[PDB]
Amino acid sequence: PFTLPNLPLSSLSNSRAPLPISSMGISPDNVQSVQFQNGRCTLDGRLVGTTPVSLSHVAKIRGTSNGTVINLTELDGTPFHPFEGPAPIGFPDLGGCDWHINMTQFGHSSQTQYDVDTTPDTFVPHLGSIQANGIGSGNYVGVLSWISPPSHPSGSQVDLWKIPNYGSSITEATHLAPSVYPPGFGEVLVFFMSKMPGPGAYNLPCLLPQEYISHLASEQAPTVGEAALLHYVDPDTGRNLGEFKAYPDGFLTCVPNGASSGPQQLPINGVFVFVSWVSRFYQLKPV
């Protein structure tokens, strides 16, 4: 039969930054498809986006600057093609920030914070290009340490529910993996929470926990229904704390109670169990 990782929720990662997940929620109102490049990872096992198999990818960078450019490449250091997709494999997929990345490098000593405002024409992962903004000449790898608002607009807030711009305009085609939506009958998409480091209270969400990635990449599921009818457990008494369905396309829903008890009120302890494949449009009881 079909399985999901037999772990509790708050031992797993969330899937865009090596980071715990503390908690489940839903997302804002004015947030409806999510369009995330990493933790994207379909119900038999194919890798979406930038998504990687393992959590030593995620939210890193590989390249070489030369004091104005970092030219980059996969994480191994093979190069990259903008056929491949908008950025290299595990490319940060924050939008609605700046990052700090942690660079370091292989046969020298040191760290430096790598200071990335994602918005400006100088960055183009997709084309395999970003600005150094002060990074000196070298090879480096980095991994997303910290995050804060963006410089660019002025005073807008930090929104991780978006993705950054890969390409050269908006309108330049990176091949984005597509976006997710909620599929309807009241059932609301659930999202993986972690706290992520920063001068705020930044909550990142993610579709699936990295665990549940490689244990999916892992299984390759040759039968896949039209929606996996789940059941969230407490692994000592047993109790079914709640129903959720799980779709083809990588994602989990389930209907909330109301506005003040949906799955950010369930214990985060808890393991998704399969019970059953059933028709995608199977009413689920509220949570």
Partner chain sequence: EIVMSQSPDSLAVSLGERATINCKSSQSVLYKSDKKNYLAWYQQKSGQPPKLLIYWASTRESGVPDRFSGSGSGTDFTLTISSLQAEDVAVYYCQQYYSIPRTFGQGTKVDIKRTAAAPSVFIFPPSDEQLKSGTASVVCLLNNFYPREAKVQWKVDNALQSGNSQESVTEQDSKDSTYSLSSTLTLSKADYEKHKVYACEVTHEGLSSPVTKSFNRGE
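Positions refer to the first chain, counted from 1. If you superpose the two forms and keep the largest set of C-alpha atoms that fall within 1.5 Å, you have the rigid core. First, how it differs from the form solved in complex with the partner chain.
In the core-aligned comparison between these two forms, the C-alpha of 169 is the only one from 137, 157, 169, 154 that shifts by 2 Å or more. Residue 223 shows a C-alpha shift of 2 Å or greater between these two forms [criterion: core-superposed Cα displacement of 2 Å].
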Given for the second form:
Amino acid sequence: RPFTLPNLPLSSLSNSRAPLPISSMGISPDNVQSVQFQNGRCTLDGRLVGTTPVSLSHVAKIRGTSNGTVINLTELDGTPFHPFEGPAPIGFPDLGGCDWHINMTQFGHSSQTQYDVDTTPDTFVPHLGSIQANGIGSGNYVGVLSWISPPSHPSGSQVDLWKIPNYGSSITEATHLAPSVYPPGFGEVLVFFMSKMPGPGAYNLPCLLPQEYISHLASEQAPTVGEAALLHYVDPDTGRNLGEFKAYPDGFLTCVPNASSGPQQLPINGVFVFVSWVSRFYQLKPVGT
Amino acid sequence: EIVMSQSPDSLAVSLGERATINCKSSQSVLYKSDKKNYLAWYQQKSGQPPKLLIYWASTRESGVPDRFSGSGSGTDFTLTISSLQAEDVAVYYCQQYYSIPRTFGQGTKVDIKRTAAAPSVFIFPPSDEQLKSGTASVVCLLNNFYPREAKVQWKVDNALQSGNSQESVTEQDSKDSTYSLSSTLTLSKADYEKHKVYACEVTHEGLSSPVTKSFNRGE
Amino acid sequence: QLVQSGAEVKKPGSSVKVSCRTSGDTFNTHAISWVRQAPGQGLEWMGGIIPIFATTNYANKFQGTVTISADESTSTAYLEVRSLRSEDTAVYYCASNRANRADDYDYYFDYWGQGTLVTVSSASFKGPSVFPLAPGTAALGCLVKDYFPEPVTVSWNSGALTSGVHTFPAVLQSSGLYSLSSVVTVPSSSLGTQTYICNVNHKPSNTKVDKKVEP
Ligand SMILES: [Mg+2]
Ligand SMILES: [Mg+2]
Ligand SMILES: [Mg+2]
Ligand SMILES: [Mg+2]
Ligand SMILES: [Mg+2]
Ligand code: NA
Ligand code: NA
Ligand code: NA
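Switch from the form deposited without the partner chain to the form solved in complex with the partner chain and give that structure.
Every chain and every other molecule in the complex is listed next, the one we just looked at coming first.
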């Protein structure tokens, strides 16, 4: 089973941390040395990691029963969540450095309710299947992340979507986190797929893989033949190669920026195409060259 | 906003006894990251700005007497005066500083508890000089009673008055732990001189029977 | 240590600017909040500023009518309240708390100013009329009526008489003016020999009244 990526332009694909269209590629700020996203994580041979689901219909969603004080969580289909499986139910939002505003609906009832989530207090323990209701009345709900705002705590914090929330309690740590992802070095930096997030600011949500890449990899389960997959970002209309990238087994892409000539300067309507398997230290040409 | 709820509204505890004041926040103020409760307690006496007693829920501020202590965690917090002293009569507030906006509890008034004491009732007719100005204020004094609750009714020519009186209550006297109350009946000079007997009727816990103090206009 | 400006009287609909000066050290290491207290009510946080970062925030109900500012050169924070209403009559407190960064100022309150009284009213300044409350134990006193604004002070015999004195909190009459009584209990055998005078001082109107109370 040869390795492939979907033959679809990036700008028609979805973020994997929220049901949002991809509008650009980007890199992390210099002071972001690593990420540990829990959604949008899938190895190149198709193993889902963290809380990543196959389908965008699960992404950035919660389900549980409120009693007025806490919401006791389940998986999105209603089956029980067990802490040893991950840091939260599958698809649970993983946006750190922000308050969440989740749109709550119910099967069999009329109306939608906004659920405002501060992810810092000792009642926010999704790893134990329990988060504060914050005024959400009793009942069973499905919620989807709708918009974000600056964290309520610490006061004065900015929105910072390079973070993940604290999933554990003030005493017990969330287990089975997806591992961190680091830049490979020697010029290669992580490539992120960006989406505009509604909220009272110019919020941009980064993710490591488009959601459609994830369900493709989960379906294909192509054996990871080499240490890295050399790819071309090609123009769909001409086939012209716009730059070399590497995809790594843990499930992320890199390039060598030279800079106002990084992946953000490339068009967003291009297609990633697998070229061959290469060594970890295969030296990429700089973007633009 | 994080809403702070205190209970009781008012507290009366005997000298040297312990006063407990509860405070609940609508949302936990325990930051998982540093394990700190972002809660403070303040004391405010009338005419003065508040003063910091407790912070981080349980940390006593420097200079605060160690009979003040704070406890609780998450959403439920408690201030305890282990042995109340006269200088602790004040209003106490809890406050969260976890998020914007900062919010206080409604406050809890703490007074010294003492045995019941009936008021001494006095009635004062309007003065010579004020009547020449065109208005008659009739004052009824309820002096040195406990507890604070007291009912005053005005009867002009034995007809119950309504809406033309204002009460004012003093704060607890630090010497005998009592309160005093003034009830002022205000009439135009015209209506004052169209009626004869002016009566003040006092009901209170320390009285087995209502007390009426009256006077006749001009005697 | 937080020095606030003097009391103010404003007409309904006008604006008031209240100042709070501190040391430069405090000014550049703290957030400066404004907390108001209506008569006989609780504490209400209105907003704050961190001067060295120039960041401000406001409670929702004071957004749009309240502006908080800081002058780095005079170490003075300011509170401006527009569209004043009667229910805006309160003591406005300045309060500080530690602020190490723009996102690191979640601390209990550090210091408090002594407060600034803002009276929102249409009433004119007026000194009180002091009427006698004429007489075991006897009760006498003084009726301090129809003055504006707060505050007034009463003493008895130039402060020589203290035991048994009860000076009641003022009440706002429907006329817009304030009124209170001050009473004292004395031995009934003193009504012929001992003179009793209440010393009433209304500094806002520059009015001082001594009234001897006679049996
Ligand atoms: Mg991955
Ligand atoms: Mg699921
Ligand atoms: Mg229904
Ligand atoms: Mg003191
Ligand atoms: Mg400290
Ligand atoms: Na809203
Ligand atoms: Na239901
Ligand atoms: Na904090």
